[PDB]
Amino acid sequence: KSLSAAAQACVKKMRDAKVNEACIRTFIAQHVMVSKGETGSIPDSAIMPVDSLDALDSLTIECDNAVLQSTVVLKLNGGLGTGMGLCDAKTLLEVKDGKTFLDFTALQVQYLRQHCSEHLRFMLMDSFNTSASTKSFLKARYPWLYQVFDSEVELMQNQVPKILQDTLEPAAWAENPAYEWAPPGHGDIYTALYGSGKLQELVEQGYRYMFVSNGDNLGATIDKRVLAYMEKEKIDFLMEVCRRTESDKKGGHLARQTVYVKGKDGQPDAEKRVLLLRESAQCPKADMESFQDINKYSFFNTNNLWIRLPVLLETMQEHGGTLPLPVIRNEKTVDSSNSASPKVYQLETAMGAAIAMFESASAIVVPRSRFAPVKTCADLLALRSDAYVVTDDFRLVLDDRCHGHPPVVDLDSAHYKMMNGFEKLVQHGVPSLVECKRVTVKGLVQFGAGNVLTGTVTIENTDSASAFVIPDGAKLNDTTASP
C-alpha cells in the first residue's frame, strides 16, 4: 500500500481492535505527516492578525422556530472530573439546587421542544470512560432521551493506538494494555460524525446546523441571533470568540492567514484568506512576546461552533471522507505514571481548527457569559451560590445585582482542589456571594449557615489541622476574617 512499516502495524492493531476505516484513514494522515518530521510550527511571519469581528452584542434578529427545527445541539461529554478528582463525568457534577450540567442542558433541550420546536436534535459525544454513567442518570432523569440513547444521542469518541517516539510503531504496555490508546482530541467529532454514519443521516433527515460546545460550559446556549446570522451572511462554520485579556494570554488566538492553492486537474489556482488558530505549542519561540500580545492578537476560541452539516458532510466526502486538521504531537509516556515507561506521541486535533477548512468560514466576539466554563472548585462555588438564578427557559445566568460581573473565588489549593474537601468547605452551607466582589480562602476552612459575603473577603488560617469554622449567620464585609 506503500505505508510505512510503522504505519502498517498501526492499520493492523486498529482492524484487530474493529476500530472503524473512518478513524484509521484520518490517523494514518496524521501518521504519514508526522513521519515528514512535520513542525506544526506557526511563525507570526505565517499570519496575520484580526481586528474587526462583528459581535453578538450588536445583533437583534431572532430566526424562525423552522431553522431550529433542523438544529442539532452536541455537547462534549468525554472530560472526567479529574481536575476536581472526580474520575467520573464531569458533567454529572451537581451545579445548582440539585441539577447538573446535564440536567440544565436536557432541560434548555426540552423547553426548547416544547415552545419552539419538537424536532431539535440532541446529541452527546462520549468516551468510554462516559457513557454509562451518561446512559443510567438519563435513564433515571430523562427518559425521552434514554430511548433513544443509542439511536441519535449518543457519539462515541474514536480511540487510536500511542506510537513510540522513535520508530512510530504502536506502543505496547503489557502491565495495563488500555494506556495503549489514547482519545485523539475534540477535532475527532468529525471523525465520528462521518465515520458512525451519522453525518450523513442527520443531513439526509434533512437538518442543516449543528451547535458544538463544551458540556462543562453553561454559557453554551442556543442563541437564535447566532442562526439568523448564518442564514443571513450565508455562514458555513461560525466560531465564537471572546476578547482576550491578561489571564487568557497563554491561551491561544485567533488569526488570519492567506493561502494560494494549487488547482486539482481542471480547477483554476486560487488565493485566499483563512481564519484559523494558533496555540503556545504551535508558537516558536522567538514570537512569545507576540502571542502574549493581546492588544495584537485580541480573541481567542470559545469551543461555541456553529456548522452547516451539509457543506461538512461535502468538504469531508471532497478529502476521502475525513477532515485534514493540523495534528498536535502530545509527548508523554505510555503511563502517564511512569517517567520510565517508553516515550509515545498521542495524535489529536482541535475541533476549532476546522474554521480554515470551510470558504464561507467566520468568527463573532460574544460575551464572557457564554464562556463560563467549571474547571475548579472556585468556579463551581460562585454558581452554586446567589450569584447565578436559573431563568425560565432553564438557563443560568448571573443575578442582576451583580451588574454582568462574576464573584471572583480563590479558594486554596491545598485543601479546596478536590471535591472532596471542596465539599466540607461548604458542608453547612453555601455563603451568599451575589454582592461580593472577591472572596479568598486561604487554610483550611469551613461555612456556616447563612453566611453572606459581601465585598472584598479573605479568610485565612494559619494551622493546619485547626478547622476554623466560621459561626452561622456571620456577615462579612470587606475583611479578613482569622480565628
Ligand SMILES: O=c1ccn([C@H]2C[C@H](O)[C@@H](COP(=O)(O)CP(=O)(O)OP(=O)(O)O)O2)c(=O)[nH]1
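Here the rigid core means the biggest group of C-alpha atoms that line up within 1.5 Å when the two forms are laid on top of each other. Positions refer to the first chain, counted from 1. What changes on going to the form deposited with this ligand bound:
- Summarising the superposition on the core between these two forms, the listed residues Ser337, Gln267, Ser136, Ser413 contain exactly one with a Cα shift of 2 Å or larger, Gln267.
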Second form
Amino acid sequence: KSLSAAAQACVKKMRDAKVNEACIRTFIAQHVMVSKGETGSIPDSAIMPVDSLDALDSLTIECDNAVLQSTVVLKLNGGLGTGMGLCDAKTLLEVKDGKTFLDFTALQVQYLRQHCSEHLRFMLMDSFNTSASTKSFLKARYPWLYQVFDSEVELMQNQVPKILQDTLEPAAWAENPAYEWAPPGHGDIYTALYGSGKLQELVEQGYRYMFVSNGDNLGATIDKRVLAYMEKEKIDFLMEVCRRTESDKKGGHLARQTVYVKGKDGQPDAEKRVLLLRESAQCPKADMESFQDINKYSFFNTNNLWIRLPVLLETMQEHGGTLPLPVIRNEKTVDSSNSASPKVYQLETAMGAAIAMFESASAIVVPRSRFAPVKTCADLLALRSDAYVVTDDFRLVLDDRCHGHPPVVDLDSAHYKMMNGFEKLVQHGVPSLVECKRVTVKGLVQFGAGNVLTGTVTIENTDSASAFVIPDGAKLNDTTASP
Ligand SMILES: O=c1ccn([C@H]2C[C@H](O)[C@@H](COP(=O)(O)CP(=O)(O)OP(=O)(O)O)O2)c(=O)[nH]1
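Switch over from the form deposited without this ligand to the form deposited with this ligand bound, please.
Everything in the complex follows now, all chains and molecules, and the chain you saw is the first one.
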C-alpha cells in the first residue's frame, strides 16, 4: 500500500506468476531500499578488522550422537557450472571413480545415518535448471532420497524480476520471457525456508542445528567438533573461515562493526561487536588498498555455515517474516548477450551476510582443506588423480605422500577451460600427480594412459598441428616436454 507504481507493478507481476508471498515481501523491501538511493557502501570508517579467532584444529571434543539427530545438512545445488562450459548441474560431474559431488554427499549422509544418527536430515537447494537432473539422478542412484525428494528434500530457489535501471519497473523482453527473471543470490535460502514453511516444519520436528555449504565444495563435511563448540559457547550462527592469502585479495573478508544495546547503564566502557561481511562491490574506490591488505583483514567466508534454527526462525518473525540483508546491485542488461538490450538491476543477497543479524554469532578458522571448490577443470583433474584418495567415511583427503600440499595444475584455458576439450586430454587415461609439485600444459596436448610425473612438469605444444601425444608409461621429472 502507498508503494510507488514501479514497485506496484512488480507486486502485480510476481502475483500473476504465483510467486511465494515471502519472496514478494522481501524483494519489495529491497526494491524500496534501492529506490531511496541506498549506496550500500561499507567504508573502512564504519568497520574495524578482526584479528583473533578460535581455530578448528585446536578443538578436540566431539558432540554426542543425540545432537546429530537434530541436525540438518543442506547443500547448494543451484549452480550450472558454466565456467567449465556445462549446461547442466555442476554437482553431476564425475570427481573420482564414477562418483559425482552428489554421490560423495549422499554416501557421507549414509555413513552418519548408520553409524551415528539415523534421524539426520538431508536437503537440497535446487534452481529450476537443476531440479529435474537432480531428481533423475537420485531416482536411479539413491532411491530412499528420491522417494521423499518432492516431499521434504528439495527446497526450490525463488526467482525475482529484473528491474529497469531507468524507471525501476519490471523489465519486459518479448524475445525471451524467461530472461525477465533472475535468481536472487544464495542468500534467498532464508526467504525460501520461511515461505515454503520448511523452517517452521523442521523446528516443530525438533531440529535445532543446520549445516549449509556449497555443493561443489568437497571440503565441507560434518565435523562433530564444531557442533560441540556451539553448544558450549551458545553460538547461534557460526561462519567457517580460512585465512586470506595473496590469491584471495579479490575475495571478500570478515570484519567487525559496532552498534550498542539500548541505554548506557552499567560500566561505561565495554563496547559491542557484530560480525559482518564485505564484498569488493561494497568497498569504495578509496579503501580498495586496505581491502586487499590481508594483514589487516585476514579472513574470508568459506560459505560453510552452521545455524541454530529456532533462533533463526525467531529472528525473521521479529522483522515481519523476512531477514533484512545488504543488497548487492547487479548492473546488467536484460539479455546478457545483447549489449543493446535494456539496462537492468538485479538485486542479490549473500547468505554469509546474515552473520551480522544474530545476537550469538562467531567465526572459526578452519584449514583450507575444508575449502575445496572445483571451479575449473584443472581443479577437477587433481581429484581424478591419485594425488587424492577416498576414505572409509567417504571423505576426500590428500594422500599422505603429498605431505599436506596438493599438486598445482595449470591448463591451457584455450583448449581445456571447456570440459569438452578437457576430457580429450584425459581421454586415453590419467597420470599420477601425487609426486608433482606443479604441472603445466600449454597448447593442444593429449595424455598417455598410465604415465607418472614428479616435481615441475611442463608440457608445451607451439606447433598445434594435431596434438602432442604422450607415450604410454612415459615419466617426466623436473622438465619441460614439447614435440
Ligand atoms: O544463487 C545461487 C548461487 C550459487 N549456488 C551454488 C552453486 C555454486 O557452486 C555455489 C556458489 O556459486 P556462485 O559463486 O554464486 C557462482 P554462480 O552461481 O554464478 O555459478 P554458475 O554461473 O551457476 O556456474 O553455490 C546456489 O545454489 N544458488
